[PDB]
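Listed next as structure tokens is one chain, alone, in the form deposited in one PDB entry.
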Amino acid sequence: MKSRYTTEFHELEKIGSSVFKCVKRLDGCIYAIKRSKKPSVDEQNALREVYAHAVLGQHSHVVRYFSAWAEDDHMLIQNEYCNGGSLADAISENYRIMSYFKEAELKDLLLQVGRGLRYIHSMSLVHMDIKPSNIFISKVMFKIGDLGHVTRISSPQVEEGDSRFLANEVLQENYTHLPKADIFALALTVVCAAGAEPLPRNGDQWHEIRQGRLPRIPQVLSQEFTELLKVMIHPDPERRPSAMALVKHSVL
């Protein structure tokens, strides 16, 4: 042995299951490094993650990429470490103490992730798996990470993201407005941060949201903000705002 991994980095802890928090011996900084079994169609998919990061490195609201390499039966990617953990962990803690993101904090989240998404989309890519466990926290700063489902906007083939966040047209394999799939998952992401119950994976409550009905939110929001979220989940993708229209919205 003597991995590049072993020799260039000191591993501190496992943070995801694998992803490790690591100090780079030479530069003194902390990075998150994912080590996955090297895969083929499964390899094409793994390399899109790398090609996506290598073009999505210049934005404040997308997690930065440093390097990627292969050794053994393993593939490695070294990203920016985000010391605030994921939004899914923040939301789960808030659930427990019954104190949620307040309206101003939900607007900040929506606008920051909105701007990462605007950038992603102006590179003719779509993220395809927007959800709280793929938003990282670092002013709070929210950064989109986990680019493993990224594809080009006009892709005829798509790997679908988490079903709790998945828009119906993508499930029906109508990929004509893929960017609006990211808009749909971002609304539901903000609904979780606001304090809603866990989203359903299927069944009758899944279809109700997909009819355009907001899950119940245990706090009082302005009619305006609520209107914006509702239109972000409209069953007709053409009605949802683009990320461009979103970051320039009056409500934000």
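Rigid core here is just the name for the largest C-alpha set that superposes within 1.5 Å across the two forms. Positions refer to the first chain, counted from 1. What changes on going to the form deposited in another entry:
- After superposition on the rigid core, the single residue among 155, 168, 112, 86 whose C-alpha moves by 2 Å or more between the two forms is 155.
- A movement of the C-alpha atom of residue 122 falling short of 2 angstroms is seen between the two forms when the two forms are aligned on their rigid core.
- The two forms, fitted on the rigid core, differ between the two forms by 2 Å or more at the CA of residue 57.
- With a cut-off of 2 Å and the rigid core superposed, residue 45 has a Cα displacement that reaches or exceeds the cut-off between the two forms.
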Contents of the next structure:
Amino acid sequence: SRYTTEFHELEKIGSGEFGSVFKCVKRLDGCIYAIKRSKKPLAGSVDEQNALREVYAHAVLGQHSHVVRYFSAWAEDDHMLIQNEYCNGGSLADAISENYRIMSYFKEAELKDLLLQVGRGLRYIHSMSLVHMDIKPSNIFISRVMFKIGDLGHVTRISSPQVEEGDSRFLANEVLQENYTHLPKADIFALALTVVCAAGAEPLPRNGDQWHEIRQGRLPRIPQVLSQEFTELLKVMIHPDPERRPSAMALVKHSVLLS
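Now show me the form deposited in another entry; what you just gave was the form deposited in one PDB entry.
Keep in mind that what follows is only the chain, not its partners or any molecules around it.
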């Protein structure tokens, strides 16, 4: 077993219908990696479709500060195994849960830092003519601080997009309308709501009235004191017209964020 041979398994850090993710130490270099382990999907399934998007995202993407690094991938015993960078801070979703429990928070500044850092990640992905298509707190990881985009199973081309929608909570209406002419801006829409989650918003609606209200450009209720200036940035990021939303480029260079 390559897995057993090359790595020692330390602890399970993730699980879902997607499979499991394990904290492992690689024997050769003593370093910690996150190994995603998944049952090999049925041929011609959504699962195989998902799986394929991730393989070829790696093939195209190089290393980047704000994208979870991919090291290798292989298969054995009808399972697919992917060796990733380990982020010792866990996910932004875990962090928000902890805040909601311990009763700390992300200061307005820390929210600006998160937007900019994930913004930098997107700028890079978009520059390689790809889109992530599932930005949300659980797909943003933390290394201790650095924020990094993970889970590339929804990644597709800007030009010839094969679109499996991400989480309905973070989804731009135009994508639901089968409009794929400006996919990068769906990532921007989705980042904005991710930040609003970090800022302590009540859980985001999955559909119904409040879902629609948001896609009219209406921000969820925040529990804290944010400047009108940062507010408008977050607001225009969920503008119903995707062309009015900042590109990742315009984002990373925006006056409010820097720095």
